[PDB]
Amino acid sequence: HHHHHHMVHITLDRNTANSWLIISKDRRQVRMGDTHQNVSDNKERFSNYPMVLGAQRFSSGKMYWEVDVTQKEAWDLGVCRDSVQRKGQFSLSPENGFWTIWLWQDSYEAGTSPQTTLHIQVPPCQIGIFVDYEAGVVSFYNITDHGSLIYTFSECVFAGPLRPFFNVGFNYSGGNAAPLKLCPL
């Protein structure tokens, strides 16, 4: 891919974060805390999962960013509609306004309904996310493996402004404490 030149500076929106997340001062890193982080509740916060949105809203153009997933056992990444449900249980699917991939129990899957098996030979330490709003495309790249394609959602029906989407995952195992980090351009 030659998508690097649509690079955008993404920062995390504290106000959308699950109340257990800790976002760094620079708003470029997020990790799961071992307790409630002493913030008030609001209608923006993801209640059931360790999720947070980027501050940026996209309704046009081409956008690229990279996320560091080093030493994590579980995570979700991609984009979602600004109007996605925040409270209660839900599945990550394009019908619900999400265009995502994830790692769970040693397998990588795309958030289709039902989910799609991914074929990755080189476990990624960094993921590139490309969005072409007009084309209706969301693509994922393996930065660790020379930028190799992981998955392309095509014919996407965004149906509104898009926000960068992150899930740091639970840490029941004690092996998933590491942060998601937005990588420098």
The other form holds:
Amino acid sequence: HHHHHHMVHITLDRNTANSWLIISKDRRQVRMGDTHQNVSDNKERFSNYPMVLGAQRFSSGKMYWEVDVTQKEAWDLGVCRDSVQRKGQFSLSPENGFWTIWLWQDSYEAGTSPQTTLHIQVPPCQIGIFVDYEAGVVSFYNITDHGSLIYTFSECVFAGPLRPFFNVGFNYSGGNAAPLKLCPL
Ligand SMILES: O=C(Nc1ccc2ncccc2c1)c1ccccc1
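Same protein, the form solved in complex with ligand LWD this time rather than the form solved without ligand LWD?
Every chain and every other molecule in the complex is listed next, the one we just looked at coming first.
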């Protein structure tokens, strides 16, 4: 890819975070806390899962950002509609307003319905996410492997403004405490 020059400075939106998450002062890192984080409930917060949105909203143009996933066992990354469900249980699918990939139990999968197996030779430490709003495209790149393509969603029905989407995952195992980090441009 040659997508870096549509680089956008993403920050995390505290108000959207599940109440167990800890967002750094610079709003560029998020991790799972060991307890509910002494914040009020609000209608924006994801209730059931360790999810948070970026502050930025996109309705046009090309956008690119990078996320560090070093030492994590489980995570979801991508973009979602501003209008996605926040409360209760749901699946990650384009029908529900999500364009995502994830790591789960040593397999990488794209959040189609049903999910799609990914073929990655070099487990990634940093992921690039590219959105072309007008083209209807969301693409994922393996920064650890010279920017190699991971997956492309095409003909996307964004149906409204988009937000960067993050899930740090649970830490039942004790092996998934590490943060997601937005990488410098
Ligand atoms: O399994 C389901 N959703 C999720 C979503 C996010 C998760 N994040 C961390 C851990 C588990 C998660 C599970 C689901 C929900 C409804 C109907 C069918 C399936």
